[PDB]
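**Q** Read off the chains here:
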Amino acid sequence: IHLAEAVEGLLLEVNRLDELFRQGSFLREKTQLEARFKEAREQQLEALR
Amino acid sequence: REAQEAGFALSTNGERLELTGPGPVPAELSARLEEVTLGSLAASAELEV
Amino acid sequence: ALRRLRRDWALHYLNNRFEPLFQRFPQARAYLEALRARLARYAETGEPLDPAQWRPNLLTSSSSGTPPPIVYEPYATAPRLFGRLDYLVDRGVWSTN
Amino acid sequence: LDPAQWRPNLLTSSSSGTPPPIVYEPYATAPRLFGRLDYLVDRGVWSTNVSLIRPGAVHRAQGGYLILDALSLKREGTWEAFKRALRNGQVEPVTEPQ
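Residue numbers (my numbering), protein chains in the order written: chain L, 561 to 609; chain V, 1064 to 1112; chain P, 3 to 99; chain X, 283 to 380.
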């Protein structure tokens, strides 16, 4: 029963996970990866310019 | 009080946790923000349980 | 790359949330790590997750040791000996779990 | 919660004691001996419940006598199931393999 309630909480932890998927560090790391891809797209844009 | 240590104000909207103030907040401040957010969502889950 | 990073952070956060579960149930390591991998897949892909397929099924509880659990089965047949796998037809599909 | 799955199914009512409830079943077969479990296909699912079990000869023989023929047992192959229902009290309303 302890493991049953524990795995119930672990399954409910999807809310914790997808709420962490909009946190400050999430935004920071997504923005730095997007900034790498964005500087790639930029240098492309300015070369075409 | 963690935010007001550096002189930063807070405006939370329930699920969303954020603070108002010019300039970048300390890294420890953002870490505490995310820790408090995770704890709040967890305690929410156990309150439904 | 963002999908892979989301999977990695799901792995990290669920390692944090599962290590107490790992020590609490030392011999349930395989099921817990499989659940963690499934949650990582949920994070990376957005694949829907159902509790009905990831909830352990209670077979038999304690018999208090004494008397020992004795089960006489005069109708020795495969469905009654080795058990049965039911099939609920939800939405028209014979979806099992 | 559905009442259709939590409503007790009326198998057999009183026979006023006298005469005793006698059920002669010359067609001694498992669906008629041990009863049948029906299957209403609602919304496309073969959803069953406690309300879809039909009493057999054994169910309406309770408190009385069940008359059976040896031919209808050794011919229809229900002798083993019958003697298991007798010895072990294993009366199972039969269902189709589907």
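Treat the hints loosely; a few may be bogus.
[Unchecked claim] Here are the simulated distance ranges between beta carbons:
| id | chain 1 | residue 1 | chain 2 | residue 2 | range |
| --- | --- | --- | --- | --- | --- |
| 1 | L | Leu572 | P | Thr47 | 17 to 25 Å |
| 2 | P | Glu49 | X | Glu378 | 42 to 50 Å |
| 3 | P | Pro28 | V | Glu1068 | 38 to 46 Å |
| 4 | P | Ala3 | V | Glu1081 | 21 to 29 Å |
| 5 | P | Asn99 | X | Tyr309 | 50 to 58 Å |
| 6 | P | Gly85 | X | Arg357 | 31 to 39 Å |
| 7 | L | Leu587 | P | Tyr33 | 29 to 37 Å |
| 8 | X | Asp324 | P | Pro28 | 40 to 48 Å |
| 9 | P | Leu4 | V | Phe1071 | 28 to 36 Å |
| 10 | P | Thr98 | X | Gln287 | 16 to 24 Å |
| 11 | X | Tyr306 | P | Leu60 | 38 to 46 Å |
[As the list claims (entries may be wrong)] Below are the SDA-like pairs computed for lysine to any residue, each with C-alpha atoms no more than 25 Å apart in a straight line:
| id | chain 1 | residue 1 | chain 2 | residue 2 |
| --- | --- | --- | --- | --- |
| 12 | X | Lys356 | P | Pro76 |
| 13 | L | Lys590 | P | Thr98 |
| 14 | L | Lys590 | V | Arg1064 |
| 15 | X | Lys356 | P | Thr47 |
[Stated by the list, open to error] Non-contacting residues of chain L with respect to chain V, defined by C-beta distances greater than 10 Å in every case (computed):
| id | residue |
| --- | --- |
| 16 | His562 |
| 17 | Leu563 |
| 18 | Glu579 |
| 19 | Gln583 |
| 20 | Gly584 |
| 21 | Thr591 |
| 22 | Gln592 |
| 23 | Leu593 |
| 24 | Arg596 |
| 25 | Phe597 |
| 26 | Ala600 |
| 27 | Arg601 |
| 28 | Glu602 |
| 29 | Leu605 |
| 30 | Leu608 |
If you are wondering where the hints come from, they were derived from the structure by calculation, not from laboratory data.
Note that the Cβ used here is the ideal one computed from N, Cα and C, for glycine as well.
**Q** Decide, hint by hint, whether the structure agrees.
**A** Consistency of the hints with the structure:
Distance hint check for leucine 572 of chain L and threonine 47 of chain P: the Cβ-Cβ separation is about 20 Å, which falls inside the suggested range of 17 to 25 Å. Distance hint for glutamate 49 of chain P and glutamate 378 of chain X: a CB-CB separation of about 36 Å, inconsistent with the stated range 42 to 50 Å. Between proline 28 of chain P and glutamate 1068 of chain V the Cβ separation comes to about 42 Å, which falls inside the hinted range of 38 to 46 Å. Taken as a hint, the range 21 to 29 Å holds for the pair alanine 3 of chain P and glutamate 1081 of chain V, whose Cβ atoms sit roughly 27 Å apart.
For the pair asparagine 99 of chain P and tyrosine 309 of chain X, the beta carbons lie near 40 Å from each other, so the given range of 50 to 58 Å is not met. For the pair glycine 85 of chain P and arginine 357 of chain X, the supplied restraint of 31 to 39 Å holds, since their beta-carbon distance comes to about 33 Å. A hinted range of 29 to 37 Å holds for the C-beta pair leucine 587 of chain L and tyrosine 33 of chain P, which are about 34 Å apart. Look at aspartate 324 of chain X against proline 28 of chain P: about 46 Å separates their beta carbons, and that is inside 40 to 48 Å.
With their beta carbons about 29 Å apart, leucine 4 of chain P and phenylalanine 1071 of chain V fall inside the hinted range of 28 to 36 Å. Checked against the hint of 16 to 24 Å, the pair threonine 98 of chain P and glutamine 287 of chain X passes, with Cβ atoms roughly 20 Å apart. For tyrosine 306 of chain X paired with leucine 60 of chain P, a C-beta distance near 44 Å keeps the hint of 38 to 46 Å intact. The straight-line distance between the Cα atoms of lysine 356 of chain X and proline 76 of chain P is roughly 20 Å, inside the 25 Å bound, and the hint therefore holds.
Our distance criterion of 25 Å between C-alpha atoms is broken by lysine 590 of chain L and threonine 98 of chain P, whose separation comes to about 38 Å. For the hint linking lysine 590 of chain L to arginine 1064 of chain V, the alpha-carbon distance of about 29 Å lies beyond 25 Å, and the restraint is violated. For the proposed pair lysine 356 of chain X and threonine 47 of chain P, the alpha carbon gap of about 61 Å is over 25 Å, so the pair is violated. Listed as outside the interface, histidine 562 of chain L is consistent with that label: its C-beta sits roughly 13 Å from the nearest C-beta of chain V, beyond the 10 Å cut-off.
Once the 10 Å rule is applied to beta carbons, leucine 563 of chain L is consistent with being away from chain V; the minimum gap is 15 Å. Chain V draws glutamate 579 of chain L into its interface by the beta-carbon criterion, the shortest separation being 5 Å against a cut-off of 10 Å. Non-interface call for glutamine 583 of chain L relative to chain V: violated, since the shortest CB-CB distance, roughly 5 Å, does not exceed 10 Å. At roughly 5 Å from the closest C-beta of chain V, the C-beta of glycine 584 of chain L falls inside 10 Å, breaking its exclusion from the interface.
Even its closest Cβ contact with chain V, about 13 Å, leaves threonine 591 of chain L beyond 10 Å, as expected for a residue assigned away from the interface. The non-interface label for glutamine 592 of chain L is consistent with chain V: the shortest C-beta to C-beta separation is roughly 14 Å, beyond 10 Å. Look at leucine 593 of chain L: its CB is around 18 Å from the nearest CB on chain V, clear of 10 Å, so calling it non-interface holds up. Once the 10 Å rule is applied to beta carbons, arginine 596 of chain L is consistent with being away from chain V; the minimum gap is 20 Å.
Residue placement check: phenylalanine 597 of chain L keeps its beta carbon more than 10 Å from all beta carbons of chain V (closest about 23 Å). Every CB of chain V lies more than 10 Å from the CB of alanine 600 of chain L, the least distance being 26 Å, so the non-interface label holds. Distance check for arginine 601 of chain L against chain V: the nearest CB is about 26 Å away, which clears 10 Å, and the non-interface claim stands. Non-interface status of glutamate 602 of chain L relative to chain V is upheld: no Cβ of that chain comes within 10 Å, the nearest being about 23 Å off.
Remark: the non-interface label on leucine 605 of chain L is consistent with the geometry, its nearest Cβ contact in chain V lying 28 Å away (cut-off 10 Å). A cut-off of 10 Å between C-beta atoms confirms that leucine 608 of chain L is not in contact with chain V; the least separation is 34 Å.
The structure fails hints 2, 5, 13, 14, 15, 18, 19 and 20 (numbered hints given earlier, in ascending order).
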